[PDB]
Structures are given as structure tokens and as C-alpha cells.
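In C-alpha cells, the next block holds one chain alone, the form deposited in one PDB entry.
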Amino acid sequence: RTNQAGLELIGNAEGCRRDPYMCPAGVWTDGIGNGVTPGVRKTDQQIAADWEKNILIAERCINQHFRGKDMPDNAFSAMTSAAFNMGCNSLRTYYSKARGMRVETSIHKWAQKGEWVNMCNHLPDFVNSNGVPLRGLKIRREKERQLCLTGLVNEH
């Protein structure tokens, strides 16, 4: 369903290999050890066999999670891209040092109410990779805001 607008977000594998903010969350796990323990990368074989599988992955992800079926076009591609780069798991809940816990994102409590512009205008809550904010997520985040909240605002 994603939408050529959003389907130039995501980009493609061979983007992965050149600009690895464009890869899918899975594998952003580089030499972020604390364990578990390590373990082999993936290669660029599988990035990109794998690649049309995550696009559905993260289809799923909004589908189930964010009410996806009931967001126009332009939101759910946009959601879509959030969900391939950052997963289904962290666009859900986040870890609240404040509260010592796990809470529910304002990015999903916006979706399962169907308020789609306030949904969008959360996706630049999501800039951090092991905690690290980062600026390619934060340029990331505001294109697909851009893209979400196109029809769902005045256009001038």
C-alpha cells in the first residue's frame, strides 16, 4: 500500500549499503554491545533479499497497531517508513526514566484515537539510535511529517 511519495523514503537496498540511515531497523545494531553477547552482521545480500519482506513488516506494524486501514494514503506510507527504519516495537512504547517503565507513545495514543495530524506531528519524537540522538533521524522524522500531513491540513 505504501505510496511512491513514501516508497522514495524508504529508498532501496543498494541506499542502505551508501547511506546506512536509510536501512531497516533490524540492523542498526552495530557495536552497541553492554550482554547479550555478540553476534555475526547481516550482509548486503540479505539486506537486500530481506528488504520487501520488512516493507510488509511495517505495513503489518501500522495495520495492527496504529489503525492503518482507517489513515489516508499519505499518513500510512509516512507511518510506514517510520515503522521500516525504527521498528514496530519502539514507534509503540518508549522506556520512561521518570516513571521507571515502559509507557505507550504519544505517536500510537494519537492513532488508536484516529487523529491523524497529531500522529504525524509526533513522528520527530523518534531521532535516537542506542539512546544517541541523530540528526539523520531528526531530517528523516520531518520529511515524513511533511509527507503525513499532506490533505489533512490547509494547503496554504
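Numbering follows the first chain given and starts at 1. Rigid core: the largest C-alpha set superposing within 1.5 Å between the two forms. What changes on going to the form deposited in another entry:
- Of the residues listed here (103, 48, 56, 117), only one shifts its CA by 2 angstroms or more between these two forms after fitting on the rigid core, and it is 48.
- Core-superposed comparison between these two forms: the C-alpha position of residue 17 differs by no less than 2 Å.
- Superposition on the rigid core between these two forms places the CA atom of residue 126 less than 2 Å from its counterpart.
- Taking 2 Å as the criterion, residue 29 counts as shifted between these two forms: its C-alpha moves by at least this amount when the rigid core is aligned.
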Given for the second form:
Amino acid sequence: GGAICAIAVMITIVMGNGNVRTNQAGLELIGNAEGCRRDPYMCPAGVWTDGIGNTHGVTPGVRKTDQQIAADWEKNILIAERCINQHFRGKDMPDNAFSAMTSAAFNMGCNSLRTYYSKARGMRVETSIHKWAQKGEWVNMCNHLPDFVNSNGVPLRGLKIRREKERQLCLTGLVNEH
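Given the form deposited in one PDB entry above, what does the protein look like in the form deposited in another entry?
Single chain only below; no partners, no other molecules.
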């Protein structure tokens, strides 16, 4: 049967369009985290989801094109890429770091990468990952990806795993591959 769609096929379309910078490894990382579904489904705190983690333009029971789901994915990727470019010096970092960062922003949203609420200081303050990004210190930046593993103030095994996959990507080509 068929309800699950192919990430690999979505990757070739998005890469073919020539808009997204994030590389194959980044699209693979993002795609496998989310999975790919033509049928809209319900996540906790239920709001409908499409394709590859898409929640915009989603109508229950409405099955999307293969190309429409790539279109959707592209759009969400470019939002995440804008975050990295506008706020983390994306234009200056290499592709692997950029792609890992994009994956983080796709998942957590830009706001959560830029600042966090300091209970000590009683206000939101700049993150270390942003500090290191602005300094062009990519290795240090990458190595802060594991800071972002909480949901509703609780760490998730899945987010630990994800942030570590992102960190490994971020750093390839930046450190001894062995």
C-alpha cells in the first residue's frame, strides 16, 4: 500500500529547485526526524501536520501531491535558513554547519535559538550558541547544539539524539574527521 511518501524523492525536488542551501545530509537529517506522510496526522497539543513536519495549509483528510509536499517542505526550510542567515551569520559559515543550524531552527524555531529565559536574571538573554555564531566561532557554536533538548521544560531523549546528529553534521569538515 501507500500512505507514506519518500523523503529521498522530496530531497531531489527541493535540491533541484535551487533555492535551498542546506545540503543533502541536512535534508536527510530533517526528513528522517519528521518522516513523510500524505495523510494529515495529530501531534500532542493537537494541530494537524502534513508531509514532512508541515503545519501550514493543512486540512484533515486532504491528501497532498508529491510535489505539493516538497513545495511545503521547501517553504519551511527557507524560513529556517532565513533565521540562520539573519541571526547567526549563516552566510559566513560553511555548508555543513549551516545545514545543521537550519535543521535546529526548523525544529525549534528561531526565537528559541536566539534567546532563553534566565530564571536567575528574570528575563530573556542571548544564548551562547548565538554569541559564538556572531563571533564566527563555528566549532564552539556547533558544540552548543545539545543545549536545546527541552520541550515544555523537559528534556527529550529524541531531542538529545537529534541535537547530537546535528552537532556531528555541523562539525564535519571543521575538526579531524577521525
